[PDB]
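The other protein chains are all here in position, but one chain of the complex has been omitted.
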Amino acid sequence: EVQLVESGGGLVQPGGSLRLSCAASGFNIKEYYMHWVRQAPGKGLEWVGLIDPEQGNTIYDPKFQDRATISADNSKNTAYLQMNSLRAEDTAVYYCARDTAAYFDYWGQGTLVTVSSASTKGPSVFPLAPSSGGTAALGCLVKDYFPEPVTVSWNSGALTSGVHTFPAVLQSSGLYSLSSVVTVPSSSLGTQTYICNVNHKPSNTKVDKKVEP
Amino acid sequence: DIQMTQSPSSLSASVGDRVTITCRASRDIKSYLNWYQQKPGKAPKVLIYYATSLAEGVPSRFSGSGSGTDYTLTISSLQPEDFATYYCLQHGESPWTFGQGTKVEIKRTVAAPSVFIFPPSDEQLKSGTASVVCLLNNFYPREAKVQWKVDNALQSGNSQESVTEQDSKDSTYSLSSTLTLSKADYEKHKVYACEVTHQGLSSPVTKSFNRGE
Amino acid sequence: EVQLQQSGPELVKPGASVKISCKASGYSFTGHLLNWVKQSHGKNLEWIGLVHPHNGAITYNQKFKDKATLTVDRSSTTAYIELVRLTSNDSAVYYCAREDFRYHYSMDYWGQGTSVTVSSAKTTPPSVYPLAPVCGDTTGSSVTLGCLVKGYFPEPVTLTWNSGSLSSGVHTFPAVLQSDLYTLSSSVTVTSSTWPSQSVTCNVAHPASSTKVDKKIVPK
Partner (left out) sequence: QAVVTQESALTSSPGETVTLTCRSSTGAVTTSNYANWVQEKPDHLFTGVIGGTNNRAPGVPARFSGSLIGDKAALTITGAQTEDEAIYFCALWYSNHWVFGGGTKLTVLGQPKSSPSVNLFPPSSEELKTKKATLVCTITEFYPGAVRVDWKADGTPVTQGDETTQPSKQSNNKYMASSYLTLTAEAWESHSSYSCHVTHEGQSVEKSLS
C-alpha cells in the first residue's frame, strides 16, 4: 500500500524559507519520478518541479528562479522541497506526488505553508442585528483575526438550520474577517435568544455575542 | 510557458447528463495531456492520462479524446459523486501546466436572493472602523452583481465578497459583501445601499438605510 | 545504464511475416515512448509508429498502417513490431527508439537495429571475373588488379589474394544489388615488376553455397 506523508508546513515570515518533507512507504522513491505540486487558497493547481530517478536531474518551473530545491534521501525514503525568499504568493497547500507514466498516481495529504508577517490576534465579534415577510436575518461579524481558523456556532449548537458561515477573506491588513448569518422567523425576535459562539484557538479567544435589535 | 485554456470555467448539470469539458493548448502537445478531479479540501485524483487512456480504477463513464491542441474530457452519465472541479495537465513541455479548472455544479431552478443590509454596530464604531454588510441569501444561479452605493455614489475597491458552496439540501448559494470604512469616512455620508442584480429578479433590488437614524 | 537489445537478422521470401523484438532494460519501462524506425539502403530514415508501454496505446504512420503491428509485453519489458505481407520493398534495418515525454523530448536511446532481407532469390554462387587494366603501359611503378564477384546470394562472400600472401593494398568494396542478386569487387595494388611476371590470384568463397573460386588475373 503506497502512502505519502508530508510535514514541515507552518507559519513563515516573508523572505524566510520553507523545508517540507515527504515520507514515502510501500515503494522506493529511488525508482520513481517524484514531483511537488501546490495550490494557493481558492486558486488552481501549479507544478513546482520533479526529481528524475535515472540520473538525479531536478527540473523546476522557471517562475521559481532558483528559489526551489527538490531533493531526496533514499535511506529515509523521503523526498524534500526547499524554497527560499518566500512571498505572499507562495502561501499554499503543497503536495508531494508520485509519477507513473507522467500522471500522478499517489498524493500526500498536503501541508499548508502560510507566508505572512502578521501576529496572532483574536477576533472582535460584532452583531449583525435584525432590521425589525415572516423571515429575518441576523448574525455576527468575526473581524480582524490571525491566523485561520475561527469556529462559529449558534445557541451553543442548538441552531443549525438556515445558518451560513461564510469563507474567510484576507484583508489588506493581513488579518482575516468572516461573517456568520442565520435566517429565523420574524415573530421569534424577543421570544428566542440568539447567541453566536466564536472560538479562535491560537489566541485563546472564546466570545459569546448575543444578537438583538 | 504553454497556455492551457479550459472551457467552460463552470458548468451546470443534472444527474444523468452527458458532460463535456474542453482544454486548448497554445501549441501541439503530442497528446501529453492528463485529466484530474478535485473535491474541496482533498488532493486531486487522476482520471485520464495520455489524452485518451482511462487510468486504473477509474469509472468507465469518464473518457478522454483529442490530439494536437484540442482535448476533451467526457463524463457520459453524470453521477452525484461527479460534482467537483476538473483540471487538465499538460506535459508536452517543461514546465507542466494546468488549466484554470472547470467546476461542475448542480443545476436547479432559478432562485432569487432574499437581500438584507446591516449597518455597523455601535460597538464597532467605538473602535474607529465601520463595516456595512450586505447579505444575498439562498439564490441560484451563482452569478450575482452586488454594487455598493453611498449617497448615490458607486463604490470601488473598498468591498469584499464571500460565497458559500452550494447548499446540500436546496442547492442554492449565499453571498456576503462587506463594505469597510473608517469611522471618519463613514460619517461623511448618510445613505448607505447595496443594489443586487440577479437573473431571478425583474430589475435590481436595492437595500439601504439612513446613517444613524 | 539504459539498453535496448533488438533481435537478430532475418532472411525471408515475399509474402512472409516477421516479428522483431526489443528488450528494454535499465529503466522504468512504462515511462518512455518506444518508436520503431525503418532505415532503407543504409541512409534515409522513416518513422513507422509509436507505442506507449503503460497500456499499449499506438500511433501508426499511415504509410505503414497495414504493414506493421506494434505490440508490447510488460512482464518482460519488451516491445515488438510484426511486419506482414513482406515484399522486397520491406528489406531494411529496423530500429526501436526510446522517447522521453517529461522534459527533454528526445529520442535518446536506440537499439542496435534489426536487418530484414526480403527476396525471392535462391542460393546462387557468384561468377568471378578478372579486372585487369589495359589503358596502355605502366603509368607508375604500381598496378591495380581486381576481381568482379558477380551475381551471388545470399550475402556474404570473402575474398583474399594469393591465398593471403598479398594482404597490403587490398580493398574489398560493399555489395550492390543488381536485379535481385549481389555484386561486389575487390582489388589489390602491387608493384609493376611483380605482375604479370609473378602471378596474382583472387580467392573467392561463398559460404552459403559452399563454393570457392580462384581467379588468376592475366593481361588483356
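As written, the chains take the letters A, B and C, and residue 1 is the first residue of each chain.
One rule holds in what follows: a contact is a pair of C-beta atoms (placed from the backbone, for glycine too) under 8 Å apart; a residue touches a chain by one contact, two chains touch by 3 or more.
The chain not shown here is touched by just one of B:93, B:161, B:167 or B:195, and that residue is B:93.
Residue C:131 is the one among C:11, C:16 or C:131 that touches the chain missing from this view. Considering B:59, B:68, B:128 or B:204, the position touching the chain not shown turns out to be B:68 (whole complex). Annotation: of C:7, C:69, C:124 or C:144, C:144 touches the absent chain (contact as defined above). Residues of subunit A in contact with the chain left out of this view: 54-55, 57.
Counting the whole complex, the residues of subunit C in touch with the unshown chain are 35, 39, 41-47, 59, 61-62, 93, 95, 97, 99-100, 103-110, 112-113, 127, 129-135, 144, 146, 148, 150, 171, 173-174, 176, 178, 183, 185, 187, 220.
Touching residues on subunit B toward the chain that is not drawn are 27-28, 30, 67-68, 93.
The rule we apply is simple: only the chains that are shown with their structure count from here on.
Centroid to centroid, with C-alpha atoms defining each point, subunit A and subunit C lie 65 Å apart. Residue positions of subunit C with contacts to 2 or more other chains are 52, 54, 101-103. Looking at subunit A, residues 59, 101-102 sit in touch with two or more other chains. Residue ranges on subunit C touching subunit A, taken from their complex, read 2, 27-28, 30-31, 52, 54, 101-103.
Per the touch definition, subunit C reaches subunit B in the complex via residues 52, 54-55, 57, 101-103, 105. Across the interface of their complex, subunit C is touched by residues 30, 32, 49-50, 52-53, 91-94 of subunit B.
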